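Okay, here we've got a single chain as structure tokens, the form solved without the ligand, with questions on binding and movement later.
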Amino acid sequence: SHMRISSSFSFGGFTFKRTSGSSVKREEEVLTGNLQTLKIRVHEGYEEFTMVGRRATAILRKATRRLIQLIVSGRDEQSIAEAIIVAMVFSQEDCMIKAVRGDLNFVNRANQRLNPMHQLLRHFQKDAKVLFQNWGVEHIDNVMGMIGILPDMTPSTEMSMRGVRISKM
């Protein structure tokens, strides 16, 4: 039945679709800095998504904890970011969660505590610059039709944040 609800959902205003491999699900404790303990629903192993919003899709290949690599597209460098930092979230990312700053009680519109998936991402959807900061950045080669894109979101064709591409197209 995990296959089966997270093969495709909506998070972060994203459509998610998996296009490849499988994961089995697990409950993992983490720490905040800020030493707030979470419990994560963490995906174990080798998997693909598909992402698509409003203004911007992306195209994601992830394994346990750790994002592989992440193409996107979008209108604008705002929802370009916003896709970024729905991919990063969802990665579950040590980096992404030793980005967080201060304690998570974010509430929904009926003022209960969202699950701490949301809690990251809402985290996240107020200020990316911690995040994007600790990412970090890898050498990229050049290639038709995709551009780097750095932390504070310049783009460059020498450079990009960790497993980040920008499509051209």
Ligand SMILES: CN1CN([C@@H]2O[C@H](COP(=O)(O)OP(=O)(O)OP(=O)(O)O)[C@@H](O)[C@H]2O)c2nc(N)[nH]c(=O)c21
Second form
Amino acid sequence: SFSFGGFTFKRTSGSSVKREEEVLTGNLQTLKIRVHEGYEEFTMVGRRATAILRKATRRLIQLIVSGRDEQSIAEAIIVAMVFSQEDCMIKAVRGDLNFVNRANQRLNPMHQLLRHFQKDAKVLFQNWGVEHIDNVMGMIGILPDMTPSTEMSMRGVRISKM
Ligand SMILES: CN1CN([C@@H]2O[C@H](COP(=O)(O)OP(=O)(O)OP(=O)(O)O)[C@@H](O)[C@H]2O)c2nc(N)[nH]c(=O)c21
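Coords for the form deposited with the ligand bound, given the form solved without the ligand:
Below, the chain from earlier opens the complete complex, with every other chain and molecule after it.
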């Protein structure tokens, strides 16, 4: 297990090979990220939300989240989207990233991204994408403005009523 974004991640299936990649944000800032290539499934546990995530190579496949309120659910979605390393997330960055930790040391690139989207996830959610969903009992969709929907949801994302 490891911790990211206030969530305890535990991998429950799959594996990944690693490779270094440089990505370029819209503000023309180069970020050096470590990509984990391959299908993996994780449970995420937070203070007020939990999630199950399936990802592949820079690609969120499926995310289910449960939480007490809109805020904590949003927090889990943000962490999963950043963790996915999806291009649309990199492209959602606005301005330069220069965040530091509690010892004023520069955060590594995944935490630069996390901090950025913890401040504002509007562009992230807006650029992520939406899809039609099926009616499945116990599950509901969520739109980029956090409105629930029985018909549509952000791509790959479902909210559990349980
Ligand atoms: C995006 N990220 C970041 N990340 C981090 O990289 C750590 C795992 O690195 P690792 O131990 O070198 O790879 P691992 O798959 O565990 O190797 P192995 O299973 O052979 O022991 C995780 O604890 C986590 O902090 C990731 N780890 C996994 N498994 N998948 C991922 O997508 C990611």
